[PDB]
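**Q** Chain by chain, the residues run as shown.
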Amino acid sequence: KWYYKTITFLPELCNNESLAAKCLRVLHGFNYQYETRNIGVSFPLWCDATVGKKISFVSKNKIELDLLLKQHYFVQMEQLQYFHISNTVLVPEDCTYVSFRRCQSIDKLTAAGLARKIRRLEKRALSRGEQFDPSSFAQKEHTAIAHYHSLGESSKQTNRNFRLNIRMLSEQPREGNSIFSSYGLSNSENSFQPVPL
Amino acid sequence: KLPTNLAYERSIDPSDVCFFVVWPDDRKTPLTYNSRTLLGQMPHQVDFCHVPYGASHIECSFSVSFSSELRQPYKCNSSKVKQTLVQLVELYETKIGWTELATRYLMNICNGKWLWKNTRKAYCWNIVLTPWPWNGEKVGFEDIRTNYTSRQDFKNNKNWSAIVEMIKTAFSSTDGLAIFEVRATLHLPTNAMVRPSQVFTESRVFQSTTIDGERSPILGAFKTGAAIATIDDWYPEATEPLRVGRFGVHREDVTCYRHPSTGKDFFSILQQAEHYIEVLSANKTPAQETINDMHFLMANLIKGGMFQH
Amino acid sequence: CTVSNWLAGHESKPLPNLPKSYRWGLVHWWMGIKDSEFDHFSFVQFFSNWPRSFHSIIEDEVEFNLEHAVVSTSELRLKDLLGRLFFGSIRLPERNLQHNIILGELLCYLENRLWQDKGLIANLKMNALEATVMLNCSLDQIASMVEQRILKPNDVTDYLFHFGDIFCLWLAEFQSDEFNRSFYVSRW
Amino acid sequence: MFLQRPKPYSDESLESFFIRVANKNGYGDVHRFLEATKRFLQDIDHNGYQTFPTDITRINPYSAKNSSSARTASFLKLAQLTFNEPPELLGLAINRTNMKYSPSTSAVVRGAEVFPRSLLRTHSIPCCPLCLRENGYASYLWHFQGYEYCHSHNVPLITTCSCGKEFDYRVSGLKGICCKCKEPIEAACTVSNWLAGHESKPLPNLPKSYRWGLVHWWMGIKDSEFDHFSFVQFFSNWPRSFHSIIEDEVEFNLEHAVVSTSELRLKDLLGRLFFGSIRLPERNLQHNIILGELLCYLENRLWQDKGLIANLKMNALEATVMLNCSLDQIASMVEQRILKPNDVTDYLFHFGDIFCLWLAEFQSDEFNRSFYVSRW
Numbered sequence: 002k003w004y005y006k007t008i009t010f011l012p013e014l015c016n017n018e019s020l021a022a023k024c025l026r027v028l029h030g031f032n033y034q035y036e037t038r039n040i041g042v043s044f045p046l047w048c049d050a051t052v053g054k055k056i057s058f059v060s061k062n063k064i065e066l067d068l069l070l071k072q073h074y075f076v077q078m079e080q081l082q083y084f085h086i087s088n089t090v091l092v093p094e095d096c097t098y099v100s101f102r103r104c105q106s107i108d109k110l111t112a113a114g115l116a117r118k119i120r121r122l123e124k125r126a127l128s129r130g131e132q133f134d135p136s137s138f139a140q141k142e143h144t145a146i147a148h149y150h151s152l153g154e155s156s157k158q159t160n161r162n163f164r165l166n167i168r169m170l171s172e173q174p175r176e177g178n179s180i181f182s183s184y185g186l187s188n189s190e191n192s193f194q195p196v197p198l
Numbered sequence: 002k003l004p005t006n007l008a009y010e011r012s013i014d015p016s017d018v019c020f021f022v023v024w025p026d027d028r029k030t031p032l033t034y035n036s037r038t039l040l041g042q043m070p071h072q073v074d075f076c077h078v079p080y081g082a083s084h085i086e087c088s089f090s091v092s093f094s095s096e097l098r099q100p101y102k103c104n105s106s107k108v109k110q111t112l113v114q115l116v117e118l119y120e121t122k123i124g125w126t127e128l129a130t131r132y133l134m135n136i137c138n139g140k141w142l143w144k145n146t147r148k149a150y151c152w153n154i155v156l157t158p159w160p161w162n163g164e165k166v167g168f169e170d171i172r173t174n175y176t177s178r179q180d181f182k183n184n185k186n187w188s189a190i191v192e193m194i195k196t197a198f199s200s201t202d203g204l205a206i207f208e209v210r211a212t213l214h215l216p217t218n219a220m221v222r223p224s225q226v227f228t229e243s244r245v246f247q248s249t250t251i252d253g254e255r256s257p258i259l260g261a262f263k264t265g266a267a268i269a270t271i272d273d274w275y276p277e278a279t280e281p282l283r284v285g286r287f288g289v290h291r292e293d294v295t296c297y298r299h300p301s302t303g304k305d306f307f308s309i310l311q312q313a314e315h316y317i318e319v320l321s322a323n324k325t326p327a328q329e330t331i332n333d334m335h336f337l338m339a340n341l342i343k344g345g346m347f348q349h
Numbered sequence: 198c199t200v201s202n203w204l205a206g207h208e209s210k211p212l213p214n215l216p217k218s219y220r221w222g223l224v225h226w227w228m229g230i231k232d233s234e235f236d237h238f239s240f241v242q243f244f245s246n247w248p249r250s251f252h253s254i255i256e257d258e259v260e261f262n263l264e265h266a267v268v269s270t271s272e273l274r275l276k277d278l279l280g281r282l283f284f285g286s287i288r289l290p291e292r293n294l295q296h297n298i299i300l301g302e303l304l305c306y307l308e309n310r311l312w313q314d315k316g317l318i319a320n321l322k323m324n325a326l327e328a329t330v331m332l333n334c335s336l337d338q339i340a341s342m343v344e345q346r347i348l349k350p351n361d362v363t364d365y366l367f368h369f370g371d372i373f374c375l376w377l378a379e380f381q382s383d384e385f386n387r388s389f390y391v392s393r394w
Numbered sequence: 001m002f003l004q005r006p007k008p009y010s011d012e013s014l015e016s017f018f019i020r021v022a023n024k025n026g027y028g029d030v031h032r033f034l035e036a037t038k039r040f041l042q043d044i045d046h047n048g049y050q051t052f053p054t055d056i057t058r059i060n061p062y063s064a065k066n067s068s069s070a071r072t073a074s075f076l077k078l079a080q081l082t083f084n085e086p087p088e089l090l091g092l093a094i095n096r097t098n099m100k101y102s103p104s105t106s107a108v109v110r111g112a113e114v115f116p117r118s119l120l121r122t123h124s125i126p127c128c129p130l131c132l133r134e135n136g137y138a139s140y141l142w143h144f145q146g147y148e149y150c151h152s153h154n155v156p157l158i159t160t161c162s163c164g165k166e167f168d169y170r171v172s173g174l175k176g177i178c179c180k181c182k183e184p185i195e196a197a198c199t200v201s202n203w204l205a206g207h208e209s210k211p212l213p214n215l216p217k218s219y220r221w222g223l224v225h226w227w228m229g230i231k232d233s234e235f236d237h238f239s240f241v242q243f244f245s246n247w248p249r250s251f252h253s254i255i256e257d258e259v260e261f262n263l264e265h266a267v268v269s270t271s272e273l274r275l276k277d278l279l280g281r282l283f284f285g286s287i288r289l290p291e292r293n294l295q296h297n298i299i300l301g302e303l304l305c306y307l308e309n310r311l312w313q314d315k316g317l318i319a320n321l322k323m324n325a326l327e328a329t330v331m332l333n334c335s336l337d338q339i340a341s342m343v344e345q346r347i348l349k350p351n361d362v363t364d365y366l367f368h369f370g371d372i373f374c375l376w377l378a379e380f381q382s383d384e385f386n387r388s389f390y391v392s393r394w
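Protein chains in written order, with the deposited numbering: chain A, 2 to 198; chain B, 2 to 43, 70 to 229, 243 to 349; chain I, 198 to 351, 361 to 394; chain J, 1 to 185, 195 to 351, 361 to 394.
The following block holds chain A by itself, in its conformation from the complex:
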């Protein structure tokens, strides 16, 4: 019983992931006021490349939206015609209920990943047994990884530079009143919410 709007990206000269990622960065700029964890990001296009020309944030009850959409970011940006924040339209109920999860297995396939994992695996050999030689944890010598898209953000107070990943499952519309964790995805795992097209 609530609705979506399309912040459209139309300068017709832009890369799409690198604008969408800093849109999500200033989404994480919101919701430090206190943990009002009620926003879904909902990338409405998803090809086998090119994270879409849109972004479609959701809110709950029409007024928290424009606390989110006045996020100190478009006020000095929208003097000219580059983006388009769509004006608060009640939802047409002909869409599809899809998912957006950060999956943390694109990130832990790298050789740095199992380096961290094996050095953790006898960081906590403190359930004292016989220590292994690490000469046998040879990596997955052939691997077929699926489709993914990567968004280049950084840590919230430290200079730690990760990225974050997005997939497009489809699953089970009706579930709860839709809280999440902090910046916008649906990998909460206490309530894994689909947020629609």
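If you are wondering where the hints come from, they were derived from the structure by calculation, not from laboratory data. Take the hints with a grain of salt, since some may be wrong.
Claimed, not checked - Below, a list of computed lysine-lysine pairs in the BS3-like style, where the Cα atoms sit at most 25 Å apart: (1) A:61 <-> A:2; (2) B:144 <-> I:315; (3) J:38 <-> J:77; (4) A:23 <-> I:349; (5) B:148 <-> I:315; (6) I:349 <-> J:65; (7) A:23 <-> A:6; (8) A:71 <-> A:2; (9) B:29 <-> A:118; (10) B:144 <-> B:304; (11) B:148 <-> J:77; (12) I:315 <-> A:157; (13) J:65 <-> J:24; (14) B:122 <-> A:118; (15) B:144 <-> J:77; (16) J:77 <-> I:315; (17) A:23 <-> I:322; (18) B:304 <-> J:65; (19) B:182 <-> J:38; (20) B:144 <-> I:231; (21) B:122 <-> B:343; (22) J:77 <-> I:322; (23) J:100 <-> B:140; (24) J:38 <-> B:148; (25) B:122 <-> B:182.
As the list claims (entries may be wrong) - Pairwise CB distance ranges (calculated): (26) B:202 <-> J:54: 34 to 40 Å; (27) B:325 <-> A:136: 57 to 63 Å; (28) I:233 <-> J:309: 27 to 33 Å; (29) B:252 <-> A:26: 48 to 54 Å; (30) B:202 <-> A:136: 46 to 52 Å; (31) J:309 <-> B:326: 53 to 59 Å; (32) I:257 <-> A:182: 30 to 36 Å; (33) I:326 <-> A:151: 31 to 37 Å.
Ideal Cβ placement from N, Cα and C applies to all residues, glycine included.
We have chain A; now place chains B, I and J onto it with these hints.
**A** Chains B, I and J in isolation, oriented as in the chain A frame:
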């Protein structure tokens, strides 16, 4: 000049390099890599090869052998050019001896030039030679970043005159031969990456061979011989060495030095060999465009290749 | 009246002097940046505390057009890092670095911060026409720079070069007796 | 790599600068210093470290032909990265330029100085023991032709070595000791004071570019030998000697006449006098007195002798040498008829039309008609 048939065969011929990993339990195992297959939604490999956790060091191994195949062409259509070429090499080794080319190849073996971009981000590497025929224990070159820097610094070693003299006997004596086995120890940092060779495809798939069931990357057979022949520092207004081709090709910055307009390529120099046996039968030789062309010609017959029309 | 003895050559006044062959170019610069008439009070207040209160403006510009960059943090051509305060201050009309300190202080700033922040200011992907505005060149001169490989690429108006290479190459083969680094070793 | 800065001089080369840095850090030579700084340069991921040499005789950025950009980036890196406090390293650069003299000799910038390229010495260089023991440095002035010894003490050198070889200050170093004997080693004073700011000669104060343009122009055109009373003779009898020799040349070119009267060519009259004055290098007329004298001698005698100088047959060639333009700009200016055309190598104009066009349209910021009127 330049008959229907003319071809030389190469003197230096190296082999594949092999990479192994040493553990603190005092053994060694081959190095393996992994692809990752990039799928779409509902193909190109990407290979990565990193040093495994908790290792000690990398050991690389190959073997090079110097021979005497430059003294006579493998093919020749006419008994007029072969006479010129055999006395060209004989007057070259009578007048201006084999020591410059021999030192300039043995430097590239002894410092790890054949570790192509694998000694960036590296603590110390140590090269050990086992020569043949030889009597004694092995010839060690230790910590080449902070102990071996220049041609004067190599000559202050115990086993250097013998190594350059057996290379000189190999290039000089007919039916002569020298054989070096090389292995080099690299102490790379923790989870450092490894750069082997890459297959020709028109991304980033490695060249590999099977060592007792495990696949391993190699870093080339033809690549590693293009690193012992980076000795070309005689082109006009020179600053930086080259692979000894015929047309002075610098690879990355596309352009070729020694274009045939300048006359400093192999064919314009080769077609003036009666001038070189003219000058080398005199009693003084200038080191600016006569010694620096005999060096190029003798470095370019050791490479080989067919010199036809 | 301070502008009135700024156009006559009265060398007893606290506003930092220049030769008056280029005060009209300074007037044209002040009318081009502010996009209005030639003001006097803000003109004197702008040059009141040299060099405190314009270097803040040039740095806030190069940070302002990077907080809202269109494409990304890389693959970005040099305007929307220095577009308006860079293209409108270089030729005023002759570039003798003894008089146009407006060019010179921003170019000293773009000399001493090339290799900060993992080389942000270095690899600005740019075209070949910029040399005819930067490197005192013509297009065939740049073609003789490209095919003889003093100036290595990566079409005339196509983006094929980087800023750090084209302006260090300025300190090798295009430096004149007018456009010269030697004036700026005692200012900063 | 942290280093220790030497004292910055305004009379300093770059080879002696690296000898200073090598010999206060503790290097026995500069070859190991150059090896160490090349190792530090590949230590910091520089994209041009391959061409940085190991020998000191061609450390300069004009010796290289292909990576002068990486050369000066290496000098920026050594200036900004490896000293405890950055000395005057970038100002002592010794480069090439865009600029060029007349007729066909290109120019080089050393700090602010603009020298030509051809008479730049590419051989061994002498020095003086007093400025090498008391001072310690080695000036850049020692390899400019026409300079022999120092500013104050004024001793004759040992230029060639004393057996038959040649002593050099960058082969054995700055210790002044040869390898055979193991001991340490008024117009002449006028050129050494000339190069000291002690200007005691009736040739007055002067900037650098036009100074070196005139000295190199005389030494390149006239092809004379080396003597100090010779170049005090050329420049202490103004305006007698140059006026006398141009009157002798104009009598020689008006007595010997191969071409006809209606087809008098300008180069056959003043080839050794008219060419090498205008682009030497730039458009200054304060102490560029050769353009003042030549333009005054042309200005007072336009239509003298029934109009001889103003009416000269021109093949429209030297105009593109002297109008500061190109041939396509010449075609675009002729097709809009800014001057009367009465092809490049074909005869189309005269000297008076090009002279009036220069007086009218193609004047630069300083190079004009009203800055040499009161100099006669």
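**Q** Name the hints, by number, that the structure is in violation of.
**A** Violated hints: 4, 10, 13, 14, 20, 23, 28; rest satisfied.
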